[PDB]
Amino acid sequence: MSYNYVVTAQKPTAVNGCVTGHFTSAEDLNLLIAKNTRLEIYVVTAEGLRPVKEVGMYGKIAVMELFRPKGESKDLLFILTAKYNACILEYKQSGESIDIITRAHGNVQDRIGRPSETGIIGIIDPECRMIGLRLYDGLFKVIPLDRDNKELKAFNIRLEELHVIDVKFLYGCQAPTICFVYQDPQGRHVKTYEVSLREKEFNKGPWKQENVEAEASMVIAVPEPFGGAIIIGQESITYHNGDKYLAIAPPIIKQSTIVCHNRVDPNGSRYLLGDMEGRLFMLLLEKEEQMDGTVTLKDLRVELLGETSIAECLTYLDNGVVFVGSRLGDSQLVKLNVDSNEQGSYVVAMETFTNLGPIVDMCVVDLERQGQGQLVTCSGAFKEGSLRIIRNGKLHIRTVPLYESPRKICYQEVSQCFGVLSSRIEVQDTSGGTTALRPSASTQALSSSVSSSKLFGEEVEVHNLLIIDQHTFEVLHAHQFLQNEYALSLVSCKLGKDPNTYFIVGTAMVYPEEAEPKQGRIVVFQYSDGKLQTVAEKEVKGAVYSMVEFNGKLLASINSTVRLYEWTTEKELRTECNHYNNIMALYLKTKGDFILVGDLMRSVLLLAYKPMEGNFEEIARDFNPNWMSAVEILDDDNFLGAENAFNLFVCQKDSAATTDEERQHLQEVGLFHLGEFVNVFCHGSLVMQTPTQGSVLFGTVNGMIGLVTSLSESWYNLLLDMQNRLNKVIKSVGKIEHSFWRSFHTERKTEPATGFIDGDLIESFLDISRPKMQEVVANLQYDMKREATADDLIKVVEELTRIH
Amino acid sequence: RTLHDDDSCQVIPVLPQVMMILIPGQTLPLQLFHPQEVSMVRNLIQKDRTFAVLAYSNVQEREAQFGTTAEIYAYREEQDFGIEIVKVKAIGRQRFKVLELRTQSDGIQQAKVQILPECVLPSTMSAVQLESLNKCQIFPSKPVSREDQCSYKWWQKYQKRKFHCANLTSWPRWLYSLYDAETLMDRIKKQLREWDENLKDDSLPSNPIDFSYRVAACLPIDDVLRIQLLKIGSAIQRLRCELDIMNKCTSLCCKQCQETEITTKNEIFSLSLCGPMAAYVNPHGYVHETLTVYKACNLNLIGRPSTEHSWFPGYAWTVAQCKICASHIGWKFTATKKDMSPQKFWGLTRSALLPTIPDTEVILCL
Amino acid sequence: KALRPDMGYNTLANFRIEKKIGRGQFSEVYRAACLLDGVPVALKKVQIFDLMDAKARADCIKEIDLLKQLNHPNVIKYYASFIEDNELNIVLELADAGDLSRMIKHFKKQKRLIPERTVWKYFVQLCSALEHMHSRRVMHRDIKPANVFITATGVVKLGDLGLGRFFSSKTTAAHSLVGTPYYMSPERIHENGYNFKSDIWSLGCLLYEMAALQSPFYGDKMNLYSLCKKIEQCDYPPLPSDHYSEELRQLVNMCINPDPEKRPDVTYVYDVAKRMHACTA
Ligand SMILES: O=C1CCN(c2cnc3cc(CNC(=O)[C@@H]4Cc5ccccc5CN4S(=O)(=O)Cc4ccccc4)ccn23)C(=O)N1
Ligand SMILES: Nc1ncnc2c1ncn2[C@@H]1O[C@H](COP(=O)(O)OP(=O)(O)O)[C@@H](O)[C@H]1O
Ligand SMILES: [Mg+2]
Ligand SMILES: [Zn+2]
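Quick note, the sequences are listed as chains A, B and C, same order.
Read in order, the letters of the first sequence correspond to residues 1 to 393, 709 to 770, 782 to 1015, 1022 to 1115, 1120 to 1140 in the authors' numbering.
Read in order, the letters of the second sequence correspond to residues 70 to 430, 438 to 442 in the authors' numbering.
Every letter in the third sequence is one number past the one before it in the authors' numbering, and letter 87, counting from 1, is 106.
This is chain A alone, in the form it adopts within the complex:
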């Protein structure tokens, strides 16, 4: 039986949502940010942002909106998690004690439901009378915001439109109304429905305009005096208010799709619109003079302000300062210098906040040889690409912006440099060739080359291998690959009887006509005297997804084959043995002579290299169909993986089995809903080298770095009973049980967690007060078994913190 401990070394840094209002006090302007499972509260000041309180919520914050019921002095916050855990929270501070209470709570998941394609949408009526949640197709959930609604009793109104794109509660409505853009085989259309709490029927709204843009994806409720809604597609911005239907197609917005928005003025005069390329535009609503009709929009204007990080969300604060909640790169407070003549408005970034997500690939290194490990990651995507050096000493982080997508990374100790596969997007130029969009690591290298092997506007992805120095981080070399060649894998290792360490790259010839890759190659490079040299080349009939040094030999996965090459004295990759399997070998991990092979659909197996046979023997298989992102070998019997809805699982080889059926089947001995999407696993530790054995770090899409370690049965059972006692004492945010949050979850099922210990909940034992520590350690046994004291278990939890 396997037992593991998962603790968060670096909290998720990527921002998925940001909101503004008056949460702490009516006279305090707040900026609340959602970094997946955490919620940060800030006060807007001339000095930027003042930190107030960060809370650890047991759920992925899917909806986050502020609202003030009539009578309440300050705003309340509504949070709906990925597992549909709805709740309304209130800020409460008595002197110094800051605590976020749960006014209302509940699980609004319907008994049977069809989850919508445009995700979870949560909107609140301007008068704080109901919460409209569009979770499933054809069912609009309504939660009345009554005085005694502590358990959030909800009802669904049968909506005829199934493929609804976006819904928002309109302003300038005597009776509540919801405007939406829906799609049907005839096209995209706009329609309004008056929401009735008494009759529970969607009454005919004030207007409904048909034949809107094919890409109409966003809806914005315009407040009084303007009223109505703004619909934004890709190439046009429209405004609808029954009698009025304006539509503008400026050429400055047609090059990219507008994907995020935020209101600047409470009256709706100015709006911010961010696009996929990180550009920021200002949408102005010009108001015309009043006889008695202040509800008159004269004209719409769009002005490109400047280039900001790739914005997931935007939030205007004060003095032209806008928080840019970026998910791909560093979040940032930018100043809009509109205060000149209104003609030339430019942006100036004023403060950048570190974001390590998406962590695509990473490697543990020791550049200073001080014992303490350093983690260098391939963070960011597109212009937000970067290499982040995390070291423990509270973790210090240095950023190296690449301005292009880093894909893979490896370290070469002999030449003091890192191998980094990266990709840049070049548009198909007017002359027929290709032109780069912006300067980047590959184009601004000290030395650069193109592979000499020979075996309109469309975006083209160009892959390159970067040899970056370990101290200065300057791009020493940038070897560009062939046309229609996708670099997939990269390793740095010594092979055969050759003392030189080589950078090996596995590629796939990707053509749009070829559905599956029928061709690819393994290129061996040597970096000596400041320059990279193409040493060997081995063409293969398939894609080289993964490679690994296996006992001084190169093991590689080619489509559905696991081949082993032995480096000859003539510097050529000669084949030794093959293993053709029923799986597309995507993941490859090795420990000694054992090999773990995996699929994108959790179809995994374990092979073993037998020198007597000179070929691979299939040891065990486990074909449970479910999506995957990464795998790692914990030990000869236990193997870790990550599956579909942010889960972690462990499969074990049944060694004590008698039959071939039982020995050839890996038993699922571990399950845990992590809440993060794991892209990479790496053996190593940030601390210099206990109740633990092994150290497996992991990188996620949200920029969270975690750590998994094996424990004995006695430590596991002690921490499992201690975990239950801590859970039944700690006040969870939104009254969400820890058991439910960490229970394995998919759209098919939600089973309890097993073989895993939530290290974050175990470390919270030192944060709780002494009277609450006595409440937890009461009647708990510790090993002869004696009654556990608070002081002895404080030392055990402190030893668990010393690993990260």
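Treat the hints as calculated values from the structure; they're not laboratory data.
Please note: incorrect hints may appear among the correct ones.
[Stated by the list, open to error] Using C-beta positions, here's what the derived DEER-type ranges look like:
id: 1; chain 1: A; residue 1: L1112; chain 2: B; residue 2: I296; range: 51 to 61 Å
id: 2; chain 1: A; residue 1: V765; chain 2: B; residue 2: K392; range: 53 to 63 Å
id: 3; chain 1: B; residue 1: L72; chain 2: A; residue 2: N267; range: 52 to 62 Å
id: 4; chain 1: B; residue 1: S214; chain 2: A; residue 2: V765; range: 35 to 45 Å
id: 5; chain 1: B; residue 1: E216; chain 2: A; residue 2: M350; range: 44 to 54 Å
id: 6; chain 1: A; residue 1: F782; chain 2: B; residue 2: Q325; range: 48 to 58 Å
id: 7; chain 1: B; residue 1: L72; chain 2: C; residue 2: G27; range: 47 to 57 Å
id: 8; chain 1: C; residue 1: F68; chain 2: B; residue 2: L72; range: 46 to 56 Å
id: 9; chain 1: C; residue 1: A116; chain 2: A; residue 2: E865; range: 51 to 61 Å
id: 10; chain 1: A; residue 1: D963; chain 2: B; residue 2: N267; range: 49 to 59 Å
id: 11; chain 1: B; residue 1: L72; chain 2: A; residue 2: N211; range: 34 to 44 Å
Each residue gets a CB set at the ideal place from its N, CA and C atoms; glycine is no exception.
Chain A is already provided as a structure; the job is to place chains B and C with the ligands on it using the hints.
Then chains B and C with the ligands, alone, in the frame of chain A:
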């Protein structure tokens, strides 16, 4: 027709001597002569019309572990001779795991079975679809682009937008398209229209679970691969395996010889509305899933051509067998009239063929 | 009407007898139609439980299992065999177009000898059939013009396979021919077992009947005492020189030899037949 619930255990009668692997959606014509089998069907008409069809892995032995439920959609009783001949047409509905086999005193078997669930997994990009891109995730349905399309142009834009979030993960957009339900169905449609020339999306299903089971019935595959496709629970894995069979197993050899090539994928074409493979019935109630091919090799004609019970009217059938092991493979059909195109073709039974990889040295993957 | 698909070719239920086409000394052949696929077959029923003892039944059944495994175009393939209603049923490839005995009888009616080019055309096909059988160590034991079938397209197929080997002759007779091949070899006069050399004697004697339109010991068939003595002494009229070649006639004299060891193996008979067929065609 209401279908059974998932993982629910059902006690249903297994029809005797039906040694075949029925696939959900596949039609099963049957001719019954025994009053015990006829009275069982008569009582099933008064109930849910559902019986069991076991997938016997071993022919000689009763090694049956999986199966498929069959709902009787049409009943027909004849009293032409002293024997009340009852012909019924059934349709497969759900797969099952055999829990118990109870042979009754009247020879009819009763099988307590667990209904297997269909593994419906969400899109791979659902776990990493950004909130800003959720709103622009749905593709616009319009007759100007979704119909009369270039196909090369539309599928490029489909991959770019659906798998845009592949930059967040450790894999490319094209890899996610290999495990994509719509892309795999499109790739199978391309290979299937080559054989079934007069085919359209109006006949093939839209759902990937229903599409994969339809493809398994159409494909000329032996009982070994037919069991393997039903063992696969996920439709993505089933479509990937089916498409790998279509690309790798292009040679159709004699099952008895194993190394005697009879025909290839390129020779497959259609002359029936059902498709290239169709389940015809002979004058004695035997069903033959015959594949319609243009040319066939290593086959000799035995006997003289005949016109009685000819499945293709206006074509004289002649018995064909393997030139090496003399095992029955099919029948050669020659046109009676000169203008009737094709001039000559072969109808090969599925039970006699074996899909093999062309002569060289690979496993079929999921 | 019973139909048992699971059994296949191993039951009477899946076959309908069209008409009786033959009856051997120890067998009954019928032109039957397979009700599963319409393949025309020759259902050969043999009453093994009536006169064959448990040991002779087992030796015959064991040999029939290996005869199904045979694979040659010029040999009648044994599709399937089964015991039903105390009767050994053997399913064979139907060859109702004719046989070497019918062709020889037709040429006798027209008063013309078969051309030597046509003789080697059919002898070379039968030599390949016996070469494959002897390579797998299988004895025919009854090579005769009736068992050498010829299709409408001119393809030769050796079949039936001699059952006579079980031989007993329980009557108190001076000489016996029941349960012996068409061309009885001298070793078979002593009522001893069979050997591969007996098939060479029968093959050689068959080549004689192909050339002279009569068995080498035709005429003596009436008086068995002279026949038994003439087989031992190999006293037969030699083939005429003015009609056939020296190579054809010397091969007959080599195969028709009293000492089994002096008879050449099927390897050399098939090699000579291939050389003669290549020259004549
Ligand atoms: O186009 C196709 C492809 C081939 N095919 C097909 C598939 N499986 C079969 C099986 C048979 C079996 N039946 C027979 O062999 C025979 C002869 C015969 C000849 C031609 C048509 C029908 C019949 C009927 N009989 S009989 O025994 O009943 C009549 C009979 C009774 C007594 C004495 C003598 C004869 C036939 C066709 N089969 C089609 O069905 N159509
Ligand atoms: N395989 C066969 N196909 C067709 N006819 C056959 C076959 N075997 C025997 N016969 C016919 O049966 C008759 C001889 O019966 P058979 O049992 O072969 O006896 P024998 O070998 O003693 O002559 C002949 O009319 C012959 O044509
Ligand atoms: Mg015989
Ligand atoms: Zn064959």
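Do the hints match the structure? See the list:
{"no.": "1", "hint": "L1112(A) to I296(B): 51 to 61 Å", "verdict": "holds, 53 Å"}
{"no.": "2", "hint": "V765(A) to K392(B): 53 to 63 Å", "verdict": "holds, 57 Å"}
{"no.": "3", "hint": "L72(B) to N267(A): 52 to 62 Å", "verdict": "holds, 56 Å"}
{"no.": "4", "hint": "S214(B) to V765(A): 35 to 45 Å", "verdict": "holds, 37 Å"}
{"no.": "5", "hint": "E216(B) to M350(A): 44 to 54 Å", "verdict": "holds, 51 Å"}
{"no.": "6", "hint": "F782(A) to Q325(B): 48 to 58 Å", "verdict": "holds, 57 Å"}
{"no.": "7", "hint": "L72(B) to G27(C): 47 to 57 Å", "verdict": "violated, 35 Å"}
{"no.": "8", "hint": "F68(C) to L72(B): 46 to 56 Å", "verdict": "holds, 55 Å"}
{"no.": "9", "hint": "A116(C) to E865(A): 51 to 61 Å", "verdict": "holds, 58 Å"}
{"no.": "10", "hint": "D963(A) to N267(B): 49 to 59 Å", "verdict": "holds, 57 Å"}
{"no.": "11", "hint": "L72(B) to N211(A): 34 to 44 Å", "verdict": "holds, 40 Å"}
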